[PDB]
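One structure, as structure tokens, below. Some questions next.
Removed: one protein chain of the complex. Kept in place: all other protein chains.
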Amino acid sequence: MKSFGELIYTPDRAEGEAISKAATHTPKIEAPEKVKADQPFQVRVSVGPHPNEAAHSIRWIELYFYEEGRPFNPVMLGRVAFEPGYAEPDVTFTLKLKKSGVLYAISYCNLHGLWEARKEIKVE
Amino acid sequence: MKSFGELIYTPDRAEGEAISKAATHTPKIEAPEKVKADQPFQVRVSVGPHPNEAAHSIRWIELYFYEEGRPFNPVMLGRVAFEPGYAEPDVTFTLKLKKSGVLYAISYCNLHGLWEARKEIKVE
Amino acid sequence: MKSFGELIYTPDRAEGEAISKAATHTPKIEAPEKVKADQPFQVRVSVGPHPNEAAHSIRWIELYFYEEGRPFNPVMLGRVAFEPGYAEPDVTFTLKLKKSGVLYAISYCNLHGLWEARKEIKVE
Partner (left out) sequence: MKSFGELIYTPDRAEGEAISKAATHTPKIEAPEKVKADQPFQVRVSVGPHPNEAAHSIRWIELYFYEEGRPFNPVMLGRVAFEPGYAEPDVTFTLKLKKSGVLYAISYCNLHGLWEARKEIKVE
């Protein structure tokens, strides 16, 4: 059968119905290309436009980081959950990185599954 | 035998050793005084300056709202959990309100407990 | 003005509509009266009978512990979030304690707010 990782939707592997839903469920990551080690910087993650109702909303977003050279990966960075109708899926985190790697954002829609975006960040 | 509600630290209630910790644990809420119904606005919540390590950090922040004329209260708005060492306890949410009320922020430090801050918001 | 801890419903201090909603929202805790320090035991926490739909369900349960002699309190033990329609608000945790104290259970219903129950635990 399918492993969990095969189930996560990405825009470049979108198939069938999923294709039409990619633009409004794939997280958008706004982050600098380059940061200094140990220095705080902001990352904004937003999803949509998308409905926001009890029956249908982006429920949460999780952020992970693949850190270069780590014996195991990834490192979870944060998780934010949004109450339907009150909080929009658009959030700004403050992060400190130590080493270059890859930032992953995963959002969940209760109807339309798990969607992944990723962005490389260089740490100098 | 205290109720759970009595355990929550308010800087306006700080007795004992709680006094000294209050500045570095009490959430700061930045939000407008007045917003328009159903119009998205941003709320920044930050705690610090505070240690950020596995043994000691702000683990999470929860946002609640007391909505005026709501038969039961409060309403949870959202929740963010931070990874020790990687995410700083400084987050911006995007919210939508329909009725005036009081915005509550609760931060948790694994060593130092629950800290409440509040702000009134008016909805036009 | 109202502080956050004042908003939490106790069957203790339930009045008004909060009286009639109390039986179906207040957490029921099954735990031993006495446990050996650092020895794992089980705590079952359940809420109901209660609706379980997108529009209306028990969204989560948080477990806190007031540890006797800790300079700050409480300590969160765990948190469980339930998906509407699929997971019932009935959960068993495995805990281990080092000192006697008071166990707190907090459930959240999206329409009916926060509900507290508590149980003293002795540790030998």
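Assorted remarks:
Per-chain numbering from 1; labels A, B and C assigned in written order.
Keep this in mind: a residue touches a chain if its C-beta (ideal position, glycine included) is under 8 Å from a C-beta of that chain, and two chains touch if they have at least 3 such contacts.
Residue positions on chain C in contact with the hidden chain: 40, 52, 63, 65, 75-83, 85-88, 90-97, in rising order.
Contact between chain A and the absent chain runs through residues 1-10, 17-18, 21, 59, 64, 66, 71-76, 102, 104, 106, 108, 110-114, 116, 118, 120. Within the entire complex, the positions of chain B that touch the omitted partner chain are 54-55, 81, 83, 110.
By our rule, only the chains that are shown with their structure count from here on.
Note: centroid distance chain A to chain C, computed from Cα atoms, is 31 Å. Each chain gets one centre point, the mean of its Cα atoms, and the points for chain B and chain C are 20 Å apart. Within chain C, the positions touching two or more other chains are listed as 110.
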